[PDB]
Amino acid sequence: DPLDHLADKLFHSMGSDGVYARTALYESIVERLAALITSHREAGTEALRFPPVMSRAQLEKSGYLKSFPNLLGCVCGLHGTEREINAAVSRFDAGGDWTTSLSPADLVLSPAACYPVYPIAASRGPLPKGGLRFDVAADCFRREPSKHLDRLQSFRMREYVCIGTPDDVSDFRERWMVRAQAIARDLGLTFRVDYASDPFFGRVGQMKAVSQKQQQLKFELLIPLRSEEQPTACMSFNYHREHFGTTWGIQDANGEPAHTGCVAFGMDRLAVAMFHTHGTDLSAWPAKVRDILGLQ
């Protein structure tokens, strides 16, 4: 794989594919990419930082189980009696299996950074005219083990979220599709923006992907990482229509179910794209690129 050779200076193995320790070099680039995205934050955008976990009921309510049940990471623990727990530990001491005593928690590992904002916005009452803007970030989890550096199980997602009228969301999504391209250009990255679909699970998933594809609810900024034939989605421009507005009872300035959209930045994918494109020696990175990332 063309990315493999980057692994030595960027990561350390943690005994699980797509779960790596980040080196000081890798992390300074993720941080500078994070700061760069912050510099493009529109005015009146509320910044929220989410933990790696969220409410299981909120995620169930958002329809994620119907879409990607195979990717979901659910939190599990020993919630039994002291007797039950001591027995589970004893089986583990005796070389047996303690995990049979596991039961689900009321938490899941967040599969996308924006899920938790909708309930938070719903709790504030009706939206003002112009809607609401959020800047969200989270360490996400998707059960997709791979040896490829651009397909992780644990990865950082930064997003700008629009909640409002279909016009508010549409304007936002157009403004962002322009800005996201200017950012990837400034970073010296080769890309193309194309219509796309979410990887919906199963037979129904195929129909759902095809419908989303033609409705143009999803665009992606694709960067060639392993091949020019199969580029990697490093940014997403998603229009949810009134899905979250209806689910959470978010109301427009005009009392209608609110429309939502989000621009997602794959922090780990963008950092890998930078190192693949420009190499592991920062002193050799183009001056324009080094300048925008605050180096020099």
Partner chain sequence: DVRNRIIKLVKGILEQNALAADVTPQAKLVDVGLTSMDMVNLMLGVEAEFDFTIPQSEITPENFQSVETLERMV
The other form holds:
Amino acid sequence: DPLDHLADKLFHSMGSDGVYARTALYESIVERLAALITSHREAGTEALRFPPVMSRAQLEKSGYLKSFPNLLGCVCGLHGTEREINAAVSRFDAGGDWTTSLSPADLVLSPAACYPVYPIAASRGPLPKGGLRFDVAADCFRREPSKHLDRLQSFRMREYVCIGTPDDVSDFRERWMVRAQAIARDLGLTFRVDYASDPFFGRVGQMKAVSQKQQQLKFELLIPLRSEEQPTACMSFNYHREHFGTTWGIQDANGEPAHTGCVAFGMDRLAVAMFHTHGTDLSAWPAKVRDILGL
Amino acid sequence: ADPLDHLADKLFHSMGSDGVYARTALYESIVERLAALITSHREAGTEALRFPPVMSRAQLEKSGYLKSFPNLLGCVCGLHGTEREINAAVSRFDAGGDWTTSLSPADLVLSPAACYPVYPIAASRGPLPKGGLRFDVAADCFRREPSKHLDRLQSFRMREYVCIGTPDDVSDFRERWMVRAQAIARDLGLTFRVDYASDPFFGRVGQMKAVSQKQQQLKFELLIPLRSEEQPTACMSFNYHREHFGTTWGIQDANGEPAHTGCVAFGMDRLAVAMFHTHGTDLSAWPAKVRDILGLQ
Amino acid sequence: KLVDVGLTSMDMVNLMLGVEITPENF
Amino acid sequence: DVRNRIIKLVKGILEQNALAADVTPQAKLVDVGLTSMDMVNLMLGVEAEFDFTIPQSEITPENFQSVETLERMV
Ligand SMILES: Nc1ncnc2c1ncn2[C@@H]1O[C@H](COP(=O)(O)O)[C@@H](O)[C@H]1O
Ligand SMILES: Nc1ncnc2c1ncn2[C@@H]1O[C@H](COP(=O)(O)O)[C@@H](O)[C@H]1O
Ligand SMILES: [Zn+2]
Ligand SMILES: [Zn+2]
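Give me the form solved in complex with the partner chain now, not the form solved without the partner chain.
In what comes next, the whole complex appears, and the chain from above leads the way.
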């Protein structure tokens, strides 16, 4: 795989595919990318930072299980009595399976950064004119083990989320699709923006995808990393219509169920794209890119 | 009502779960400034690694975490079955039942402490050089201890400097970090004391391990009175592990003996909460020495 | 075309259940 | 003081493991050389020898400081 050679400078093995320790070099560029993204934040945008876990009930309510049940990481633990826990530990001591004593917590690992923002927004009553905009980030988890450096199980996601009327959200997404491309250009990256779909689970799911593609609810900024034939989505631009507005009872300024949309930046994918494109020697990166990043 | 509770309005938003909060821009700005301050004290030659919020379950098991805090560990589980089995689980959910009966453990856990993954990484490099190795590590950590108090979270940030070497390398490291950490706390205008302490080992036999630990003075904590001076909050710890990780991971020091390790740990969220409790939520009203030290201007 | 009629997803789902699956033959 | 002589024996038996030293009633157990697993094994030895079970509330540094403070607990 074309990205494999980057591993030695960027990552250390943590004994699990898609889960890596990040070197100082790698983290310095993720940090500069995050700072660059922040510098493009629209005025009036509320910034929230989420932990890597969120309420299981909130995620269930958002409908994640109808779409990607196969990707979800649930938090489980030994919730029993002292005696039961001791047996589990004793089983482990004997080289057995202590994990049979696990039961689900009321938490999951967040599969995307925006999910927790919807109930937060909803708790504030009806939307002002022009809607609400949020800047959110979380370390996310998707259960998709792979050896490829652009397909991680644990990865950073940064998002700008818009909640409002259809026009508010559509205008928002159009601004960000142009703006994202300008950022990618400034970063010296090769890319194209194309129609896309989420990888919905099951037979029905793949037909949900076709319909999604047909309605142009999702665009991706695609960067050739292993090949030009199979480029990597490093950003997405998502229109959810009224799904979350209805789910969480968010009402726009006109009394109608809010529309929502988000622009998502895959921070690790962007960092890997930078190193693939420009190499691991920062002093040799192009002057304009070094400048854009404040190096 | 807890004395910290009034801080929630400015610092956090509810995420529907005790100990799990969204962080406001105000709160995060201070966590970031504290992180940068800690970085400014990093010793030369210290290798910086950043870990994700999950780590290998096998590695954590091998590190002995289950024999110590089985109750705090968060495991990752998933739906690992056939497409039919997974569809059925979702249909049970649709029909008022519990989809989670189809979960099975993954090979990952949520990391309970930032330093765990670094020992196998160190081990893979062969014998330690003279003077040992130093690491700067950080991770979002998880401990299953739900609570409504703003100083006891389930998901929280930990930053550590870690020393791996001879007993003497490690004791020297801890001694210097105990002094420096106090200087930092003092520079931040915090009221604190440093005291011998123990980890909350599980079960009756665990209580004894705690006794030995206190007796051997293997753990110090920097304690800050937040709700009261009777139950202060441990915001940093200074831990000597003796040869536990060295033996476990086969790390040999420069003299061919099983390496000792230790770490100084900063609780980033506790430090941030300590700062807001101590100085209030209006940053312009913070003492000038503190604003200066943090680069607030 | 086929999606401009007003057929959204939940509407396209029933069309799947009324009558490999690529965004071309539909 | 059958207890004292027996306590010193089990302590001396655990210390009889790649080590050797002196043992007095006012001497602190940690100073003697006992580590965590030793203290665990010593607690099990005491519980097995005197046919009793130490309450969790009694497992404290005070009671397990020295042989003196230990015998005073039993
Ligand atoms: N497994 C993954 N590894 C790394 N980055 C990812 C992964 N999945 C998604 N991302 C990034 O997160 C962004 C948002 O994800 P999505 O919600 O799937 O559109 C994507 O455009 C990618 O840049
Ligand atoms: N539940 C918690 N919530 C917030 N911070 C914590 C929590 N547990 C530990 N920490 C922080 O992490 C540091 C290291 O943890 P420990 O390994 O328990 O000494 C502590 O000194 C605290 O500052
Ligand atoms: Zn989103
Ligand atoms: Zn540590």
